[PDB]
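First, one chain by itself in structure tokens, the form deposited in one PDB entry.
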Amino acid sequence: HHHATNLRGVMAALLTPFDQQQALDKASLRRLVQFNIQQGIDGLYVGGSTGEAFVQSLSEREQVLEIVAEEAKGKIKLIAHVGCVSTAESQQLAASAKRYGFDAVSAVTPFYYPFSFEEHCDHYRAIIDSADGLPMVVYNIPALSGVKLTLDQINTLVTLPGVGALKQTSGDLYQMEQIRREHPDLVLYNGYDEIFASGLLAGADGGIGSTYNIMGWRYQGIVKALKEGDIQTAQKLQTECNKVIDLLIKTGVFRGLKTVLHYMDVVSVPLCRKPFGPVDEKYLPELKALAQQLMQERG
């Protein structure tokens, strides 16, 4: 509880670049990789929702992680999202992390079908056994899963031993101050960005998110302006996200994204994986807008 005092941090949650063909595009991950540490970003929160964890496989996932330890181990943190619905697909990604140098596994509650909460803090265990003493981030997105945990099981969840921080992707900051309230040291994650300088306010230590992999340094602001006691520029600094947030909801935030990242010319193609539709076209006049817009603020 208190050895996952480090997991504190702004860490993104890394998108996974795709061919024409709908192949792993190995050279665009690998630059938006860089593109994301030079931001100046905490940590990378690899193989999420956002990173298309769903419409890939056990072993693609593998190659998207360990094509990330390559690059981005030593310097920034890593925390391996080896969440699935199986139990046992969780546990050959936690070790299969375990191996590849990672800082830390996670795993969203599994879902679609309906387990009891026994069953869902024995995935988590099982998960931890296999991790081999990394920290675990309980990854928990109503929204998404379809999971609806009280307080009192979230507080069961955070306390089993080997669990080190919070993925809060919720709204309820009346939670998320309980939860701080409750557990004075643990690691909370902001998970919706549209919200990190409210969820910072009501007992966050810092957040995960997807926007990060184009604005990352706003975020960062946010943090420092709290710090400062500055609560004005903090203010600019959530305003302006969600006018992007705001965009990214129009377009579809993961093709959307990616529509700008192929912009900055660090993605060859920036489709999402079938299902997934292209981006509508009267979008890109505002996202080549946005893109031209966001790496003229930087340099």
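Here, rigid core means the biggest group of C-alpha atoms that superpose within 1.5 Å across both forms. Residue numbers count along the first chain shown, from 1. What changes on going to the form deposited in another entry:
- Large C-alpha shift between these two forms, rigid core held fixed: of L201, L160, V85, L144, this applies to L144 alone, with a displacement of 2 Å or more.
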Contents of the next structure:
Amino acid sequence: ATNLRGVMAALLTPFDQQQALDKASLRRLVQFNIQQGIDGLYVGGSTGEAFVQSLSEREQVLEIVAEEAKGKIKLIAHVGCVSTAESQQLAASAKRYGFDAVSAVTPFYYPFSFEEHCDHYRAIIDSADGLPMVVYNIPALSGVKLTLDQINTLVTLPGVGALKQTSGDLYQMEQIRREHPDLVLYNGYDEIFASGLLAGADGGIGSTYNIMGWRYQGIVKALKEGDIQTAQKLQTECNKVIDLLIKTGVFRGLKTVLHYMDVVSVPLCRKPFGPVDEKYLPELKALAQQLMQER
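Having displayed the form deposited in one PDB entry, please output the structure of the form deposited in another entry.
Below you will find a single chain and nothing else.
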């Protein structure tokens, strides 16, 4: 799955004032990401507010993104739901729309065993019908640090093409790379991107790529050139942003920056997310202006 290697934005879902999909802003956001030189888009993930959308709504996003982006950048459909059948429906739809890959978060909420996770992934792969699968290692959600044997099991499942390493454990990052030298291994926490690459990730998937994807592409290139100072500098700038976004609320802060970038019409998330606290708007607008100047 070498063709899945790279820096992929986890696409946000713009909503209108009534919390319905803002189709026009979705299309603007897809093109905005393409123009940033991003390798691909990760669509319908946690970042896309998948877990406050219906299946129909998730499919509509997939279809529109494919319309805008197919044959220009890589497209990975996050089809994960708690339910295997629901996840399967989305995988089949991803295949129809011509996505390059599917992905599923570890089924959550209820206590599922590792065996049940594996069967879940097998069924989704079947429904994906030739599309490779990106599986997760996400301890914050699962409540489990899986062993290296379990990871081997996961990443050697027939059809699995990559691992989204959504963990800040860079010893485990290095251990996974050592065990699987050819594995596509996405760094999941944007705020350790540079260090995650050094530890052995060969790319990433992240929410903040939407507004500053060129910075992350800059880190990749700097590290390839042995330019440690440039890499560090860029990560420091990314982290200044992540500091602010955690204060504001990450998705809504991102949408607001995009609103000031003239991409997103209405920067709301779906309830129960509240609006951005108005005291942060000047910082978010200033950030949008700073980012716009970096282009």
